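Removed: one protein chain of the complex. Kept in place: all other protein chains.
Chain naming follows the written order as A, B, C, D and E, and within any one chain the residues start at number 1.
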Amino acid sequence: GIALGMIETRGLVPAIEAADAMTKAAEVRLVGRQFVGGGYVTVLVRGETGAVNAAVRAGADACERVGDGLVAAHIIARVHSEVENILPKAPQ
Amino acid sequence: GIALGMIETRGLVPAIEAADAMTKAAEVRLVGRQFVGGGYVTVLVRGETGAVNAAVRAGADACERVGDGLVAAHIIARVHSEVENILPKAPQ
Amino acid sequence: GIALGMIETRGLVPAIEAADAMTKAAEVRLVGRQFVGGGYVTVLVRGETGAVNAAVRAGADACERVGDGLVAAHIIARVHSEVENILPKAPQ
Amino acid sequence: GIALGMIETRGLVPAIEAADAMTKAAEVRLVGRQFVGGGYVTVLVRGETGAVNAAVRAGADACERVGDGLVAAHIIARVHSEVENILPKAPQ
Amino acid sequence: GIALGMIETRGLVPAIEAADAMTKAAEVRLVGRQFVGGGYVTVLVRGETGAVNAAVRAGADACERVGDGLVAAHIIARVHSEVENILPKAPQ
Partner (left out) sequence: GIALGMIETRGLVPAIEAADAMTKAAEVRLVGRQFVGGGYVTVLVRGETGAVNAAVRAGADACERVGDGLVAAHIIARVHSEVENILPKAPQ
């Protein structure tokens, strides 16, 4: 499944809550957590479209009330193949 | 094609949306995504002039409403050869 | 014990106080301290659920009055196995 | 030619426009682009005094209207030899 | 002596003044200087409890009036052994 779900937070703690809520909500794989600069943190998941819709919704609801909270919650159901080149495949 | 299109966003999520909209809009290659500091993120595309005009317009429209949104959308149709030395050739 | 406790602070000094108060409060292991960007710092502990509840409560109370203070104090008693992939195992 | 021209911007996009306008305006070499922190970006050029005067003027005019815009535009016609030790020789 | 003294500043210049005043004030060892992000800088000293009390007091008084000044001044007389794992042993 190649849909992409992304949540961006202010700080790491809400990003970890978002990642947990996303991965518990539907069958998605956590492919990255990126320290963006300035305090933004982004967590990325992949899966089938329906799973990513459910996951991103659950992660937004969950992280909104944690720490400095939620910046963005967004889905792209099929990114262009060019965009794959900037997406992490595995987290570290 | 050596035209250059660039979009800068506040945060990574709108930058990924910009990259997707740009690369779907016209025949352009995504050459980099740069974490600038402070939370700015910049995505860079190359292509023929007409393709880059279409791409940057589509990416600006798309990322404006995502997360903390859009900072800059700019085209340079032929950068000086000196400028090539600071442009990424391939993303990571 | 796989419960997760996290405290995020503005600056390193309150994060070190949080880590000390957490690890003195109950049997938890300090698994990471992450410089997030922008001045956020996050400290992470693992342990049994009861121990992590006590630890995070003690760390929040303690670091609130140090430096620029407390951003987030949060517990996840059982993270999804996917989330383990973004959690540090050992600090540096 | 050892004169030094420097432009600092808020974000990368105006810095790339400054670099293009500088290098098109007169015979100068782009020696660096530095991500400073906080979102500042600095672009550095070397050349003969007259060329650097023209270049920095053209780059300031050009980048002022791009993205978050212009912070500094400055020339040093002959830096002390000590200062050479902190100036990049080649960009990456 | 295992007491810990810490001062956090806005910028490096007040941190260097804090480190000098701390190390002149009592027998303490400067174990680290950490660039935290966002402009915070933290300097860490170790020593016997009395020495660290004197040092941190002297460093706070001294750096308060330098640059963007003082964020935090804090002592932990005996950190938990877990906390040793995030404390630098030697500066770089």
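The working rule: a contact is a pair of C-beta atoms (placed from the backbone, for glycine too) under 8 Å apart; a residue touches a chain by one contact, two chains touch by 3 or more.
Among E:30, E:51 or E:79, only E:30 touches the chain that is left out of the view. Mapped onto chain D, the interface with the missing chain covers residues 4, 6-8, 34, 36-40, 42, 71-72, 74, 76, 79-80, 82-83, 85-87. Chain E residues in contact with the hidden partner, per the touch definition given at the top, are 10-14, 16-17, 19-20, 23-24, 28-30, 33, 35-41, 43, 66-68, 90-92.
Here, only the chains that are shown with their structure count from here on.
Chain centres here are Cα averages; for chain B and chain E they lie 43 Å apart.
Each of the following residues of chain A touches two or more other chains: 36-40.
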